[PDB]
Amino acid sequence: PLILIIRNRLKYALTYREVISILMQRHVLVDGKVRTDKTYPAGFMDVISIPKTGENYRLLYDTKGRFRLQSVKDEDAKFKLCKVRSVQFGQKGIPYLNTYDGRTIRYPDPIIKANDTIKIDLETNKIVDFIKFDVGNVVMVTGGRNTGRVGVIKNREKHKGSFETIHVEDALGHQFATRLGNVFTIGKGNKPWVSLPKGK
Amino acid sequence: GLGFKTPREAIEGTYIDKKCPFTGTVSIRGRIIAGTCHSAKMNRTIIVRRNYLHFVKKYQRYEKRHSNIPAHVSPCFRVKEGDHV
Amino acid sequence: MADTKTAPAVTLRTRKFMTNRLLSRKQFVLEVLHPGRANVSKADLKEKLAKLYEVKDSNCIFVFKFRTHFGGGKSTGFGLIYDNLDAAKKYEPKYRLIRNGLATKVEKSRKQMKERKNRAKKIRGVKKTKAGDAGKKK
Amino acid sequence: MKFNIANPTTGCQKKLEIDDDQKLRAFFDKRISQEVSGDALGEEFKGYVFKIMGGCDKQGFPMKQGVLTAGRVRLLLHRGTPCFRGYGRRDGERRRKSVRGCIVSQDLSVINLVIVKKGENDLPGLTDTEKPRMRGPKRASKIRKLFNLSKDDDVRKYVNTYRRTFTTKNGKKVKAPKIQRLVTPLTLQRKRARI
RNA sequence: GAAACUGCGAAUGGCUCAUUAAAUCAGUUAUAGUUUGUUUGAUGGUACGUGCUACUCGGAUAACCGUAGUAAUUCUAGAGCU
RNA sequence: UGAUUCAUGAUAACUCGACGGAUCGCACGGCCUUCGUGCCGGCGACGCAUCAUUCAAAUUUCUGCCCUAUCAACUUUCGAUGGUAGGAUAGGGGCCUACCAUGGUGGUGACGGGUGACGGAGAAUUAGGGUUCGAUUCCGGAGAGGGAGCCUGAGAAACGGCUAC
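Protein chains in written order, with this note's numbering: chain A, 1 to 200; chain B, 1 to 85; chain C, 1 to 138; chain D, 1 to 195.
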């Protein structure tokens with residue numbers, strides 16, 4: 001959430017509650033848009049970037065798995081990688097493709113599934129690319145102890161009632177498997193964004 | 001839409017005279033107890049739907065949950081097993 | 001550092017400094033060695049200091065949060081140099097402003113303040129006539 | 001007993017006294033909203049029509065329309081209801097309180113009368129004195145009703161708070177306010193922006 | 001700018017743990033049994049008249065000013081406004 | 001979509017009919033056909049409808065809780081138990097209520113009683129294993145003198161609201 005993230009930059013001493021003056025003068029923008037809400041839902045891959053004489057940031061994970069800043073390029077800031085959190089499916093071409101922060105993006109790609117990821121720009125919300133969820137792809141584990149690790153998909157296991165586990169080969173250690181909700185694919189052979197050491 | 005499963009075998013099905021379609025099904029279980037380390041056994045009987053019908057007493061079937069039709073009916077007769085001869 | 005007399009310098013040192021273009025100012029730590037000496041002063045700081053960073057006014061700049069440790073000869077506080085007088089006030093909390101001289105602390109009475117608002121709600125009309133009404137009525 | 005009497009034509013009020021049992025009993029056992037002949041009430045009140053508007057008894061409890069009874073009854077009140085003002089402390093608050101009947105009795109401390117039609121003879125405190133309007137119509141269409149300017153003329157020049165007046169704040173006497181619903185390019189641009 | 005009207009909050013917080021012993025509740029599911037102001041982002045040729053006559057703006061209360069009633073009440077009557 | 005046939009869409013309809021900003025606020029702009037407050041239209045403010053959504057909730061499934069049989073059968077008065085139907089409410093739902101059947105549950109301790117018996121994360125103290133404790137700046141619920149009933153509102157069976165006793 002925004003308040004924690006902004007404060008990480010500021011923290012030398014005696015700001016914090018005075019975050020409010022910065023927000024209301026609109027010298028913080030998040031994804032090119034005004035939000036002054038501390039309770040704002042955030043996830044991995046949010047872009048922060050502020051007006052004019054500013055900087056660009058990507059949300060990353062520490063050892064716990066809490067949000068922290070890393071500097072990111074201005075070119076990369078224009079783009080954002082967004083999980084398709086939920087889907088309204090098919091006919092007449094009216095998907096609501098939910099994201100973690102709550103952005104909707106509309107209308108067919110020649111695919112679309114839940115747990116697949118959509119590459120989006122930032123301001124206009126038009127579809128740069130669509131990334132399929134499949135084996136061999138690069139993943140970040142969003143939750144648990146295992147957070148801040150990256151690895152390549154060994155296999156996905158499909159079962160009755162839910163598809164229980166999806167297995168990741170790599171880790172600092174050895175293989176681990178996680179739920180589909182924990183898995184956020186962040187790279188594919190078609191389009192990766194992954195060129196980052198990570199977390200723990 | 002369907003539920004989480006438990007397997008059970010029928011303790012009942014033929015209890016006093018004339019019965020409305022349903023059976024009582026026992027689960028016995030053991031669990032590790034602190035101190036003694038020896039498991040303590042705890043009975044439980046639950047009243048199952050036989051929407052499928054074709055249910056005789058002392059018959060093992062496999063139960064999948066559905067929404068509670070009156071109260072204590074959690075499971076339903078998904079599928080069976082059947083026996084020999 | 002810190003201009004001498006006979007009574008030793010009492011070091012003017014800065015440390016952990018980021019210029020942050022959101023708050024629009026300079027935040028840094030003032031770790032003042034006081035070898036063989038007492039308290040530097042709130043004045044003596046902002047009188048040197050000023051001329052290094054070339055803000056060249058005591059008026060806009062504040063130093064605070066001295067605490068210390070046992071054993072003496074050092075104290076740790078925090079101080080900031082601001083880009084403008086007008087800009088500074090908005091970002092700053094009120095507690096800095098009042099001691100600096102930029103603001104006055106208003107003292108209030110809880111009982112007077114809250115009760116008075118309720119009274120305003122209750123009367124509708126001029127209600128001068130009610131005072132005369134009560135006299136007649138007894 | 002006491003009467004606080006209104007003549008709405010001037011918009012003035014003052015209280016006047018009627019003492020004599022024969023005069024007073026004309027009011028008695030009548031309901032709220034009923035009209036009353038003036039001459040019975042007093043000689044000075046000749047030609048007048050008085051409508052019983054309400055009043056309060058001793059202990060100050062006010063009449064409420066339609067409730068009936070010569071006595072008092074305890075009834076639920078709500079916000080934005082007669083016999084209730086200054087609002088509840090919270091929204092949606094209801095209060096049970098004693099409230100008086102609409103039926104006139106001797107227990108009344110004051111009866112409120114509103115003059116429906118003016119009589120033959122003047123009443124010194126009420127009719128003889130006169131009060132000008134506190135404010136006049138703010139809205140543009142309402143101004144056209146009273147002042148009969150017509151739609152082309154534009155309201156602002158002619159008007160001000162109850163016609164065109166010049167008045168002092170502190171030490172300056174000299175303008176019109178901004179009348180709204182009045183058609184302006186400000187409304188036109190956003191209205192155009194609908195299409 | 002005071003106030004008044006409208007809007008929203010006051011359901012939150014804080015406190016206590018009497019009752020309450022499969023109950024609260026915990027882990028864990030289900031919601032294909034549902035709702036959700038706010039947040040986030042999409043989303044409106046429609047509106048009517050034989051689709052050329054047919055529809056483009058109505059008033060009425062508080063602040064107020066004045067007049068009143070009760071021993072008193074988050075008390076309230078009444079007029080002239082708007 | 002694992003599983004909705006709902007959705008999307010077709011067709012005939014319902015409706016004392018929901019919405020589409022008259023003061024659509026505020027600060028600015030082009031271009032001229034009668035060079036005309038002509039005719040256009042940007043930006044975001046607050047508000048508007050429907051949808052996904054988020055911040056959320058509430059029911060519900062599995063499993064788990066101290067002590068006692070000097071508590072062995074419990075329940076069906078007036079749903080106990082299940083079926084069928086309906087009305088209700090956001091919704092399934094004995095939820096209640098009609099009709100219908102006669103069940104449900106128990107030695108694996110049910111049913112009953114007691115308990116500073118809130119539950120939990122946790123705490124104390126124990127090598128360990130355990131034992132004991134959990135009023136407590138957190139987490140979830142309950143109550144706010146005792147009880148019932150209800151308005152408003154997204155949401156309260158509110159109590160520094162009401163209404164009644």
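Heads up, some of the hints might be wrong.
[As the list claims (entries may be wrong)] Computed list of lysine to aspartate or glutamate pairs in DMTMM-like fashion (alpha-carbon distance at most 25 Å, straight line): (1) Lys160/A <-> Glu12/B; (2) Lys105/C <-> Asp57/C; (3) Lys128/C <-> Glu35/D; (4) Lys52/A <-> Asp83/C; (5) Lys52/A <-> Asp57/C.
[Said to hold, decoys possible] Derived coverage of chain C by chain A (criterion: at least 3 residues anywhere in the stretch with Cβ under 8 Å from a Cβ of chain A; other residues may be distant): (6) 3 to 11; (7) 102 to 108; (8) 117 to 129.
The set of hints was computed from the structure by calculation and includes no laboratory data.
Just so it is clear, CB atoms sit at the ideal spot from N, CA and C, and this is done for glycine as well.
Against the structure, the hints:
1. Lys160/A <-> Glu12/B: The hint is violated at about 30 Å.
2. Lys105/C <-> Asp57/C: Status holds; Cα separation ~23 Å.
3. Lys128/C <-> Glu35/D: Answer violated: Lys128/C to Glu35/D is near 32 Å, above 25 Å.
4. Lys52/A <-> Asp83/C: Roughly 18 Å separates the two Cα atoms, so the pair holds.
5. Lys52/A <-> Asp57/C: violated, 29 Å
6. 3 to 11: With 0 residues close enough to chain A, the hint is violated.
7. 102 to 108: violated (count 0)
8. 117 to 129: With 0 residues close enough to chain A, the hint is violated.
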